[PDB]
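Take a look at this single chain in structure tokens; it is the form deposited without the named molecule.
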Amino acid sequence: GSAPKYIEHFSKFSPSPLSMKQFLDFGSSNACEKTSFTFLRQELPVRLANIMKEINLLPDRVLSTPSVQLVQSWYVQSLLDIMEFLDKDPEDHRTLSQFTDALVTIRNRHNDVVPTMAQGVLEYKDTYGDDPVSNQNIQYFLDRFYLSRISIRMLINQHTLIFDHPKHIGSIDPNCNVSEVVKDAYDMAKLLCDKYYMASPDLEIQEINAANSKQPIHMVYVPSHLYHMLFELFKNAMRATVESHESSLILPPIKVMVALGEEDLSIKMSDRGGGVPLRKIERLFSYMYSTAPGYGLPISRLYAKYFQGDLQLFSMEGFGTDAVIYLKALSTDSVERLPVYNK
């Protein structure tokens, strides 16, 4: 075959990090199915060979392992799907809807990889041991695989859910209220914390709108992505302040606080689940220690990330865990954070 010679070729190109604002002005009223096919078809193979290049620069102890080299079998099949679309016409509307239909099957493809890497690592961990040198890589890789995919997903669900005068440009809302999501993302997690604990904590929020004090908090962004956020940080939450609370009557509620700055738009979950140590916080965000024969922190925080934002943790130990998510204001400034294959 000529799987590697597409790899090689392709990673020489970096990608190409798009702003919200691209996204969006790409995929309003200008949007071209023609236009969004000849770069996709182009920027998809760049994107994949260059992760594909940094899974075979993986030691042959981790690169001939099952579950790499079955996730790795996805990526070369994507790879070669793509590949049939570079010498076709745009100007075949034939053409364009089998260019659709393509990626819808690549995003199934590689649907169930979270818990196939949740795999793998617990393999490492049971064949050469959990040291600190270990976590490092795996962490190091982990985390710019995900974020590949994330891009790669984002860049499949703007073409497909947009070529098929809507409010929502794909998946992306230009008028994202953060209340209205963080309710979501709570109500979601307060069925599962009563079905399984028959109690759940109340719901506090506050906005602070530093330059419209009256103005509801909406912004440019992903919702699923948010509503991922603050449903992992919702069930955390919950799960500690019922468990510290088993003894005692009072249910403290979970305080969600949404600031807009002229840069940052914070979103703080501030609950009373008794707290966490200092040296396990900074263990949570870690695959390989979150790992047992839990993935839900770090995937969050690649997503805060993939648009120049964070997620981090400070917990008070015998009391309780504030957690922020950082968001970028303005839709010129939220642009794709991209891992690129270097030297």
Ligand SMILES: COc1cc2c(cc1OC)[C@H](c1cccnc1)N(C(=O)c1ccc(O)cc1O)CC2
Second form
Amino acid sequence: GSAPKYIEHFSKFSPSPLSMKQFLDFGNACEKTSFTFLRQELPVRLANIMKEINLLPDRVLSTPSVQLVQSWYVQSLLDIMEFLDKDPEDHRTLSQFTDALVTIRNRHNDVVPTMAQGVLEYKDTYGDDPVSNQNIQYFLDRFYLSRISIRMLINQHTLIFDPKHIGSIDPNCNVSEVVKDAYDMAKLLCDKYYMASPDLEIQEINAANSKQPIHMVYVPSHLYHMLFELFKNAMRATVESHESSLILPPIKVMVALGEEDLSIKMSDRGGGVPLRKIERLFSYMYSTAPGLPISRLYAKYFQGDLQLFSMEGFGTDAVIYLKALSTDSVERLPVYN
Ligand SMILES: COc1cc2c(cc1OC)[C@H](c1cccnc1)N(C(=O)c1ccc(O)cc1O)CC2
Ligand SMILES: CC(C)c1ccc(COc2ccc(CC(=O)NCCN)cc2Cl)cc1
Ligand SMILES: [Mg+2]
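The form deposited with the named molecule bound is what I want next, because the block you gave corresponds to the form deposited without the named molecule; please supply it.
After this comes the whole thing, all chains and molecules, with the earlier chain placed first.
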């Protein structure tokens, strides 16, 4: 096989950050453009991250968990080679490719629980010192980011080439609606496991159009994933702090739209978290026993971020920061150096 020389040639190239605007303009600006493009860009982004995997020490590199995904990436890389020589125009050369993408998405579905079981066997084999933390944390933020960037291209392709929504993108994303959806769903999960559930106050704030409901251009899939996780905590927290009590304070969410920042605060009153312990809530390692950090990545992905400020003995605040503009909204891709 040539896979390591393939990795070699394509780890030369750089991932190409796309905007929302570009993602949309594919709308269709046609399959053949999407094909000719992706059959370069995927290899590039696969190659790039696979080059980084290979830079891990043998004590990590050797472990079952790693080699397994390292394998998947190869099998995937290879699958996309097949289409380098093939010319578009042929409606069947395009068809077989879409299939190829689907099979690859579905091959990679377990990356998360898998990487986890590698972390875990590391903590027990080698230990949980802070330096191990920074390394794991450095790498996985990048790995998992890279991972997201790839899913994004793949869904974009398959969902279009099978109109209001444009694949995983809503150009008219009513944010509050997504917020209810994530809440309702969390409420369901909460009630089920707890027989109660704090209510939800939402309040919009439209800087410019002081009155108008807040539409934005996003991948609502991603926005849900994040909101959902945040609620899960806001509820778990709110409940356990007040199980000996009667009255269950709601979960206030605020949505602010400014000149560039669309911000979402999820205030709970769950007896909060002392500052010392906050960094840890984003640590892949220090939260492996046998969430947020991934939700954080999803934010950073289109140039946003996700922060916690709690007040030990009151409650936590959790802000999702999104760029307000299709123009300022570009992929954050981990890149080689
Ligand atoms: C590891 O130590 C701790 C972690 C967390 C909390 C407290 C911790 O020790 C004191 C805190 C909490 C847990 C249970 C009940 N009430 C609050 N959390 C929060 O306040 C919280 C965290 C995240 C979030 O999105 C919302 C929250 O309310 C949970 C974590
Ligand atoms: C399972 C996955 C997520 C995993 C588990 C564990 C790790 C641990 O990563 C470490 C820990 C220590 C060192 C010291 C060193 O030798 N530095 C030289 C490197 N330049 C390097 C690395 Cl890459 C990474 C990834
Ligand atoms: Mg923070």
